[PDB]
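Asker: Assemble the whole structure, with the sequences as input and the hints as a guide.
2 protein chains.
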Amino acid sequence: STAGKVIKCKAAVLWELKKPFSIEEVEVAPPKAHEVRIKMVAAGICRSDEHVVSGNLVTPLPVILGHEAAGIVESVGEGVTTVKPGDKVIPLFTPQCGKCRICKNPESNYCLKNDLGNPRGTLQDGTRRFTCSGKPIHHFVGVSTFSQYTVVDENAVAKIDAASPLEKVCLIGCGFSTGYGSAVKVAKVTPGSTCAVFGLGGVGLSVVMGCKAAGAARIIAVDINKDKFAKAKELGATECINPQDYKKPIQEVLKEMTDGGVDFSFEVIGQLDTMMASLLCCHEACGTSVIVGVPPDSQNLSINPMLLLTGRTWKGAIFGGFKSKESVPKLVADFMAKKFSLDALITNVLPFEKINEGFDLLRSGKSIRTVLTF
Amino acid sequence: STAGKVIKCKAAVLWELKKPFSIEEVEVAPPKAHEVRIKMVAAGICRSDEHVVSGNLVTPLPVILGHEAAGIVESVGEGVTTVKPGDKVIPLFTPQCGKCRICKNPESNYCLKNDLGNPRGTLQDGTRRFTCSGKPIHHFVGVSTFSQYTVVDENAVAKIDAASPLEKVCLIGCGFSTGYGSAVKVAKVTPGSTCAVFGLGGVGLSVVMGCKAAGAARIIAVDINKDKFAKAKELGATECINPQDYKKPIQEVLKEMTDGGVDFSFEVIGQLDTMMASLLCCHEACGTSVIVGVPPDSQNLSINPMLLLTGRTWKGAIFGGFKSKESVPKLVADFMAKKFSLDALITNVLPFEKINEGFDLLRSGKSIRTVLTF
Ligand SMILES: NC(=O)c1ccc[n+]([C@@H]2O[C@H](COP(=O)([O-])OP(=O)(O)OC[C@H]3O[C@@H](n4cnc5c(N)ncnc54)[C@H](O)[C@@H]3O)[C@@H](O)[C@H]2O)c1
Ligand SMILES: NC(=O)c1ccc[n+]([C@@H]2O[C@H](COP(=O)([O-])OP(=O)(O)OC[C@H]3O[C@@H](n4cnc5c(N)ncnc54)[C@H](O)[C@@H]3O)[C@@H](O)[C@H]2O)c1
Ligand SMILES: CCCCCC[C@@H](C)NC=O
Ligand SMILES: CCCCCC[C@@H](C)NC=O
Ligand SMILES: [Zn+2]
Ligand SMILES: [Zn+2]
Ligand SMILES: [Zn+2]
Ligand SMILES: [Zn+2]
Numbered sequence: 060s061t062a063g064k065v066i067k068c069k070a071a072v073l074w075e076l077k078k079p080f081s082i083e084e085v086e087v088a089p090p091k092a093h094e095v096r097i098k099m100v101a102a103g104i105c106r107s108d109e110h111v112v113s114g115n116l117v118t119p120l121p122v123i124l125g126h127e128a129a130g131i132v133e134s135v136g137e138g139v140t141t142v143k144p145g146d147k148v149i150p151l152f153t154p155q156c157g158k159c160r161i162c163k164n165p166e167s168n169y170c171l172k173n174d175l176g177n178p179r180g181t182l183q184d185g186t187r188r189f190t191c192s193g194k195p196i197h198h199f200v201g202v203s204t205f206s207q208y209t210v211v212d213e214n215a216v217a218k219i220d221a222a223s224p225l226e227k228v229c230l231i232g233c234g235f236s237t238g239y240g241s242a243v244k245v246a247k248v249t250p251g252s253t254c255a256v257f258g259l260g261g262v263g264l265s266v267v268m269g270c271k272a273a274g275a276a277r278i279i280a281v282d283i284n285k286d287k288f289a290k291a292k293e294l295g296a297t298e299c300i301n302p303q304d305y306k307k308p309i310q311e312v313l314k315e316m317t318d319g320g321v322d323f324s325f326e327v328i329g330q331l332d333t334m335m336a337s338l339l340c341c342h343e344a345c346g347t348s349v350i351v352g353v354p355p356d357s358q359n360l361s362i363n364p365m366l367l368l369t370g371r372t373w374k375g376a377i378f379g380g381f382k383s384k385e386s387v388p389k390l391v392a393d394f395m396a397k398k399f400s401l402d403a404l405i406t407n408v409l410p411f412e413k414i415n416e417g418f419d420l421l422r423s424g425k426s427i428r429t430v431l432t433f
Numbered sequence: 060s061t062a063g064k065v066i067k068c069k070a071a072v073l074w075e076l077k078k079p080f081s082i083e084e085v086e087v088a089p090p091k092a093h094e095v096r097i098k099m100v101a102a103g104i105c106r107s108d109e110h111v112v113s114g115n116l117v118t119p120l121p122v123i124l125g126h127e128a129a130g131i132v133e134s135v136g137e138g139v140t141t142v143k144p145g146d147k148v149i150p151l152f153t154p155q156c157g158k159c160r161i162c163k164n165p166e167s168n169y170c171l172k173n174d175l176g177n178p179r180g181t182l183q184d185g186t187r188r189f190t191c192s193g194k195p196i197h198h199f200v201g202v203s204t205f206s207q208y209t210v211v212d213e214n215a216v217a218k219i220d221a222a223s224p225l226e227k228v229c230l231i232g233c234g235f236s237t238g239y240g241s242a243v244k245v246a247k248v249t250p251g252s253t254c255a256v257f258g259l260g261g262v263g264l265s266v267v268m269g270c271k272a273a274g275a276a277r278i279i280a281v282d283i284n285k286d287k288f289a290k291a292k293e294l295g296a297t298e299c300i301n302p303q304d305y306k307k308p309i310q311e312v313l314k315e316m317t318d319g320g321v322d323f324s325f326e327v328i329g330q331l332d333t334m335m336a337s338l339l340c341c342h343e344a345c346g347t348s349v350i351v352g353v354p355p356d357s358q359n360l361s362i363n364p365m366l367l368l369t370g371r372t373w374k375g376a377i378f379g380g381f382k383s384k385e386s387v388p389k390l391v392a393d394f395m396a397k398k399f400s401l402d403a404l405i406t407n408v409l410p411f412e413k414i415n416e417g418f419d420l421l422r423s424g425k426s427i428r429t430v431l432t433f
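Chains as they are written, first to last, in my numbering: chain Z, 60 to 433; chain Y, 60 to 433.
A few of these clues could be false.
Just so you know, same-sequence chains aren't split out, so a pair can sit in one copy or run between any two.
As the list claims (entries may be wrong) - No more than 27 Å apart at the CA atoms, straight line, and that leaves these computed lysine-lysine pairs for DSSO-like: (1) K374 with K271; (2) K290 with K397; (3) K158 with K292; (4) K314 with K163; (5) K163 with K247; (6) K172 with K314; (7) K77 with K413; (8) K374 with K314; (9) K271 with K163; (10) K314 with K158; (11) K306 with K91; (12) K247 with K374.
Hints listed in this document are in silico derivations from the structure and should not be mistaken for laboratory results.
Answerer: Quick look at the structure:
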């Protein structure tokens, strides 16, 4: 048994910005009251993990990254009632404490227990459960899934269908839920409408899927990488455009294609130029622009408020606006009923040991989601 | 009769920025086939008219301003079907053509026939109906109500209850509907929510009324002029604060008062600093901030997109988001059914000829709405 004991296991540790992950042996303390230790089965590689490597998203180093994952509960601390050993689960980078102002508000999901805003790199009690040869190792957004075992707070873990294929449903831990929810729950795309989606990674394609589920008439997929277009069309895009092809700014291109602008635009890249273009490309009277991509820390846009006065809405969200713990089981249940499929988003499957290869596939533009198997 | 003939009458003309209006003898052409010539009865003085005088809102000069009004139809073009000579009517500075993409969208109201953004100062056929000593004068927002007679497009006039008191319901032609709608329709203020309203002029007080009607639990009225506070309390505000009383910026004061920020914030002034403060004072995870005020023509806000990414919604609207021609009769009918009262907003009544005194009252902070009688 490992229960009650310190586990020595393999993890991918980032010691320095802009450097490869190091496969280290690390020490993983057992779960305290209201904590859950998880044995990872599958972890996806998301651009947000790469934002930390590049220094675009600041969090304390050294760190174990990883936040899109599925696993099986090895054990639970005192007081835990919602999961138990052997349950299939998905760790929640956005917690759902169920008690804070935000958790009680039916329209919001950014729980006050998150470690996203001002990152400390700990669990909710303010300490770390990882050491690598006595040196302490920071957590990432409470979940740190690029390790064979991790420890997370009870309110940051969801119990899912016992029959769930973890190598696929890990995507519901971040990329798919974020993209799909940004369309169906944050934008609330109306049927018959026209949508523009900027960026066709795992998250952008899931936005395409959500717009299709919502009944959009037109979904205009925008990417500088034309290799992304075939999958975008497969998942419901009606047209694909590459900004590099044009002398005009892409917002003007989109407005001229759509009788003055789209009804719903989504920025799913994380760049200020495209966030501006996404806002400007939605119709000034009836358009809604949603920020999904995470911009580099603390860089500003110059905004003429006249852009909003005529009737536009500009908004953003974390995790597709889904309240994490109650939504994740439902989305997995939808997956099990084949309401949507995730296979098209999973381009590569590698053993955990090949994390760096999986990141290079992401940086190269060649992959959508690489899933790491433990 | 005057039907089919040029009418000679008086109008208040603005010949130059930052100068008084001049009461001039003008000639008003008969209406063309889908136009309506109206005899004015009552016109309100809105800050938006003063924005043109001060150069804050750009429009071609020389011009006849005025857009908040009620009157009696003198004559119609032959293709007119929705009003007749003798009907009471409110001119619509936002038209409702009933045909365009925006008019057919249930959620939007900024009809494509508008002369609001990028104004030409004409009627919808691109021509003008006013002359002074035979030389043309520009219209304002399609309506030009500071004149004893004006001509408007049919799609920019609503027929109202023949029994209604025109010296009161003229406010439904702008200030009241804009504020009220901004709360109930644009923000969709929810029962038990907290709201902050920046600016307590006729429009801001109408936002206070709307938040109260929607059942907000707290309505924090913000004004640098504390003489505006007693009326705000009368109309539903729970608290009134003056930013100048505090050592910290008003957004931080409001966040600390409201467990992290209001659910709905409204900027009802037209200044960039208060648009920023209003955005920042709504809660980062669940807040909605609405721009109502008209910003000055040449200025930008500096916005970090992270402000929206956590879950904020930022939007603007014209005329409270009301589809003008269908809504204005219903709001007049609500008034006649005693659902709300307008008397608190009307602080001064003056003859048309004393228009410059009415603007002086507005500029000195003394009035809410002055209504001019013809
Ligand atoms: N808000 C959230 O809850 C949330 C959650 C997950 C990820 N994200 C963010 O969403 C964004 C997308 O993540 P992903 O994993 O799908 O990324 P990805 O790197 O797989 O995909 C991004 C896509 O954008 C394209 N692209 C890059 N620059 C472009 C430009 N200038 N113009 C047009 N296309 C461009 C790329 O070619 C790529 O196809 C990232 O910023 C990520 O951090 C946000
Ligand atoms: N979007 C629309 O359809 C629409 C329609 C009508 C009016 N408006 C606009 O709404 C705004 C308000 O119109 P109004 O007629 O009520 O104006 P108003 O001048 O009567 O009132 C504005 C109030 O804001 C207060 N104020 C000024 N500066 C302030 C500051 N820095 N901090 C706090 N309070 C401040 C003033 O003391 C005053 O009470 C104007 O910009 C006007 O153009 C917009
Ligand atoms: C609020 C800033 C945090 C945004 C980045 C979150 C990211 C780690 N989540 C999923 O990819
Ligand atoms: C497109 C912005 C122009 C808004 C000016 C509207 C104003 C004239 N209406 C009422 O005050
Ligand atoms: Zn919570
Ligand atoms: Zn992610
Ligand atoms: Zn007005
Ligand atoms: Zn129209």
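Asker: Confirm or reject each hint.
Answerer: How the hints compare with the structure:
{"no.": "1", "hint": "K374 with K271", "result": "both (20 Å within a copy, 25 Å between copies)"}
{"no.": "2", "hint": "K290 with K397", "result": "within (19 Å within a copy, 58 Å between copies)"}
{"no.": "3", "hint": "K158 with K292", "result": "neither (42 Å within a copy, 32 Å between copies)"}
{"no.": "4", "hint": "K314 with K163", "result": "between (39 Å within a copy, 18 Å between copies)"}
{"no.": "5", "hint": "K163 with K247", "result": "both (21 Å within a copy, 19 Å between copies)"}
{"no.": "6", "hint": "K172 with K314", "result": "between (41 Å within a copy, 18 Å between copies)"}
{"no.": "7", "hint": "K77 with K413", "result": "within (17 Å within a copy, 71 Å between copies)"}
{"no.": "8", "hint": "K374 with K314", "result": "both (20 Å within a copy, 20 Å between copies)"}
{"no.": "9", "hint": "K271 with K163", "result": "between (30 Å within a copy, 22 Å between copies)"}
{"no.": "10", "hint": "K314 with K158", "result": "between (44 Å within a copy, 20 Å between copies)"}
{"no.": "11", "hint": "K306 with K91", "result": "neither (59 Å within a copy, 43 Å between copies)"}
{"no.": "12", "hint": "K247 with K374", "result": "both (12 Å within a copy, 15 Å between copies)"}
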